[PDB]
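There are 2 protein chains.
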Amino acid sequence: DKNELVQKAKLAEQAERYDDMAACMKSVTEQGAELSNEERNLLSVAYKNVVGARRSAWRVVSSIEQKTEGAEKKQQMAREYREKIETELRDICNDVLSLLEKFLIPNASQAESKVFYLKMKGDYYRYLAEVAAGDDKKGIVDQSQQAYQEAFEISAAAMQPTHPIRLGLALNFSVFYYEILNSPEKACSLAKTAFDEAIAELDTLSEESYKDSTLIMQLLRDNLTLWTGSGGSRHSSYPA
Amino acid sequence: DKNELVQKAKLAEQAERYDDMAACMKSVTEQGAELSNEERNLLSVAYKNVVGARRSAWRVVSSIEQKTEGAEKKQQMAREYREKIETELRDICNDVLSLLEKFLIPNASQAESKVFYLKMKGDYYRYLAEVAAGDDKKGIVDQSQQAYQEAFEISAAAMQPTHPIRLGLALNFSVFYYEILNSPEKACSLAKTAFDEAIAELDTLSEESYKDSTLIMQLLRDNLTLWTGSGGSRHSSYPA
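One line per chain: the protein sequences are A and A', in this order. A prime marks a further copy of an entry chain.
Going left to right, the first sequence walks through residues 2 to 241 as the authors' numbering numbers them.
Going left to right, the second sequence walks through residues 2 to 241 as the authors' numbering numbers them.
Note that these hints are calculated values from the structure, not bench results.
You can trust all of the hints, since none of them are fake.
Distance windows between CB atoms, simulated:
#1 A':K103 with A:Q111: 55 to 63 Å
#2 A:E31 with A':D213: 50 to 58 Å
#3 A':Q8 with A:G230: 34 to 42 Å
#4 A':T205 with A:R60: 38 to 46 Å
Listed below are the simulated PhoX-like cross-link pairs for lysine-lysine, each with C-alpha atoms no more than 25 Å apart in a straight line:
#5 A:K11 with A':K68
#6 A:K68 with A':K3
#7 A':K3 with A:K74
#8 A:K3 with A':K75
#9 A:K75 with A':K11
Note that the Cβ used here is the ideal one computed from N, Cα and C, for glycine as well.
With these hints in hand, go ahead and build the complete structure from the sequences.
Have a look at this one:
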């Protein structure tokens, strides 16, 4: 039965019907067995497109709400619709967080798995934080940081600095500092350290995932360029 | 109340939440009053993106179903999922066709409106025909052709050959002949006549919609180029 669900999930992915895809992989998860790396990635892809649609819509409607200041009639329309989108967004995140607490994190035997799922837990509390309302926000932010931190400690011990999951964790944990805690200095430090540590040990890349590692390293440096304001003029060869 | 619904529909359009958009304009339609040209276009846009998502998914899963011939295990998966998508697709089309019969077509006072809605009726029976199963298909195909034909007769009498609705009707009625009746000769004749008649009376374009007319004329000629196999080599100036 779980193989049928996985194949239908792959079929929904091709059709770009990500609600179906998430439903299929939710059923697989609820069977209780530890997910394979394929199943783990299908669940991740599915719920990143389900929640992503609400995050995109939320940003559009928030922008309209802000640009209709002094137009109370239009701004009330935007505010109420934003709150409708937020409700959908929370239900998705709570759905993911339940699966992580009840099934994925407890059944994670290998270190790679538990970093993946704790990073995922940090992500979906971060998405809740993006739309949180002051009082509840504090607790949501703490839950996100605690998940990121435990994942950070495990991956630092068990993984090479070039591992894609370790790099991807640094990418998102840095963004958490920059966007949620409004701490760009801590965010840049985290991103620079992870990039530097990977550049140092490039010999520890594997053929199975050197393309993924190098993409995430480029994303890390892109965020640094964005956050520090570097570049803008074409470079010419020069020594280090 | 209808102005609030229209504004929320415009808000859903910007957020690309087309289910919401269709729901808003369905409520507006069900109020019974004749729709303005703005409301008419919002309803059209909304349901063309709702049904379009199913048509796109249907084509992906149909292609996988065809490419898994001789792989009965995978092909059964695709077939069943295709049939799930078809059920959603029919419910959308029946929803539109109900609105057209109960509200839009009866309340259409001006000729431009009744051509628009009869063209729309031909479209959504055409979408049903795209997924119909032999016995029911005949009746569905007849309903589509009858709607297109009545729209064709009204627009020929009341509209200039450059009017976007008249041109758009020719574009879809031709595609109906090519794809549903498998009659490329009749399809090309219909498209060429409409293009030629518009080229003849270019002086009858208006500033309010000359860009739309010229786009549809280009679509008409594109289909002709596709269906006759014309072109392929760069042209040089030469007399007519």
